[PDB]
Each structure stands twice: as C-alpha cells, then as structure tokens.
Amino acid sequence: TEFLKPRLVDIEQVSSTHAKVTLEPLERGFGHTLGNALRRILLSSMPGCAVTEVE
Amino acid sequence: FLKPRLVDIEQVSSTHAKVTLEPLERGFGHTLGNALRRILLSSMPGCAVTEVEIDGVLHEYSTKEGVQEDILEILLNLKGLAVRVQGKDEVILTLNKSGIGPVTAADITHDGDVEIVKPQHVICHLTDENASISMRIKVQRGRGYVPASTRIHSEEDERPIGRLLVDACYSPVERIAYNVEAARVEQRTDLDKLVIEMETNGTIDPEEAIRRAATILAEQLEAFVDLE
Amino acid sequence: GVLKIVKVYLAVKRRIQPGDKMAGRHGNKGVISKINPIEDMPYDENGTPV
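Protein chains in written order, with PDB author numbering: chain H, 6 to 60; chain G, 8 to 235; chain I, 1045 to 1094.
Excised from the complex, chain H in its bound form:
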C-alpha cells in the first residue's frame, strides 16, 4: 500500500496568460497519463465560445 498522491506546487505565470505548473510526487508512469489525459481534454473538448457570426 503505497498510493502516494502529489500536491500542487508553484504555478509559475511567466508573463501574462501562460503558466508552467509542475507536480512533483507522482508514481512510475502516471506523469504521461495525467499529461495525455489533461492535454486531450483541454485541447479537444472544452466548453468555449468562438466567433459565430459577424455582420
């Protein structure tokens, strides 16, 4: 029984709107899991409004 989870550490906003978030205590191989999962959900399926009609 060694299910040790991470905790969020310093969200480094670089300049304006884009941030680097590291996450230190993860087990073997969960890094690519959380990266791919959060990546594909952010990049593919977000509720978000875009330019519909311009008259």
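There's no promise every hint is true.
What the hints assert, rightly or not - Some chain I residues judged to face chain G by a derived CB distance under 7 Å, without partners named: (1) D1064; (2) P1086; (3) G1091.
Said to hold, decoys possible - Below, a list of computed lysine to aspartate or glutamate pairs in the EDC-like style, where the Cα atoms sit at most 16 Å apart: (4) I:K1057 / G:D118; (5) H:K10 / G:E215; (6) G:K25 / G:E229; (7) I:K1057 / G:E80; (8) H:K10 / G:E67; (9) G:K25 / I:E1089; (10) H:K10 / G:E80.
Note that these hints are calculated values from the structure, not bench results.
Cβ coordinates follow ideal geometry from the N, Cα and C atoms, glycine included.
Starting from the known structure of chain H, fit chains G and I onto it as the hints suggest.
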C-alpha cells in the same frame, strides 16, 4: 457533458474478458482507453509467491532426491503460480507430497481464505517413489514488481538459511487491449463505445479491476480538484 | 610454505540493467539504455507489447 456507464461484461473463455463501456463522447473513448489501459496494466493489487522454504534444501543452487527438476526451476514454476487471498495480506501455504508423478498446485494444502485458480499448474515431478517433497510457500499481497535485491535491506534476520527469496511479480494482468468504435445512438449521431479486452492470470474479476483503476485515477486528479 | 587454503564459491545471480551489451547474430551490437515499464511500449491492435 454526457457521462458514461458500464454495460455487459463478457468473459470470453476462462480468464480474459471484454468489458464494454457504451456512452462516451468525442475523444473520451481513446482517452479513457489509454488511461485505463495503463493503470490496469501497471499497478493493480495482486499477490504472488515471495518466500519458499523447501525442507531438505540449504540454498537454491542445489539438487534434491527424486525431483527431476533443479531447485530454481521449481522456484520459477512457483513464480508463475496464480493465487488469490481473501482476508489477509500475507499467508503461508504448504506442500506435502509423496510418490511418483507430477506435483501441481492442486496438492497445496487446504485453506478457506486461499483459492487456487489453476489446479493443473505443474510445480515439480517426483521420481524415486520415496523422495517426499515438502515445502512452505509464503504468498503476500503487493503491487507492481519488487525483485529480491530490493527487499533485503532489513533482511528480517535471514539466518534461517532455508528461506529462498523469489522475485515477486505481483501484477495480475498480462494484456489489456481496447477498441474504440462508434455506438449507434437514437438521436445523437456519434458517441464512441469503448471495449477493454483484458487478459489476466485469473485472480482479479474485471469490474473490480476497472473500478480500482478508475478509483486510482480519480484519486490522482483529486489533488487539485475536490469532491463532487 | 602455506598452511591451509579455504576456497569459497559464490553464485551471483545477475539480471540485466542499463549498461549491459546485447547482440543479434548479424552483428548489431547495442547497449541497453533504459529499461521501460510495460505501459510505455509500442503495442499493436491485438495489444501485445513489443
């Protein structure tokens, strides 16, 4: 938006089963496929043989009367022994057997907590009709893969030199392959349907496996999310 | 002029680690570099990891 829900589990032959998972949206088929494939395939709770104590054996580089096997091929036949444990985390099984013939896992002694999933898994053959093999196997619940070189730090005073440490491959899974195909839905045009085919040694039922895997994944994400 | 010799035979069981050498029969040498878990291997549609 629309959340999934599990549907029919199909045990194909004996030990490998197809778990369908029907209502999934765009992209979440491949997403949950890769994620559950990895978490099932890497870290599932299971148990395997850790310590073996044959009676008349000093050490694993030796030979015994009447056994046509060497000692370490007995140990590599015990490594592949698939066993399950109900209400313990370590438990000591034993073998007592005499006479000419095969010695399988069916001849391991009886215990209500321990269930043997393959009675035909052959451990060792006996020849001389008088050479009785008698050992004490120690199975132990674990996680992942821990070789014998990592466990020996405190060493548990290994001065009973008859103990033979076996590399414990605790992982009960062997192969997890998923398909993502479209499920025909009444009004919504495309909703992906996930099928996780899973080969195990026989110790872990599939719904409990996928429930543990999704539990571990949600526990990983709940580091910065919360209860819902 | 030697009284007694005690010889002790060790049997080491060496497994594999990055840094060993492996080779096919065609002369393709190579040093094992990283020993990945099964989760990261390329796998085909049947699901068998290379």
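Hints, verified against the model:
no., hint, result
1, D1064, "violated (16 Å)"
2, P1086, "violated (13 Å)"
3, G1091, "holds (3 Å)"
4, I:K1057 / G:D118, "violated (34 Å)"
5, H:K10 / G:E215, "violated (21 Å)"
6, G:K25 / G:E229, "violated (29 Å)"
7, I:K1057 / G:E80, "holds (14 Å)"
8, H:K10 / G:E67, "violated (39 Å)"
9, G:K25 / I:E1089, "holds (15 Å)"
10, H:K10 / G:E80, "violated (39 Å)"
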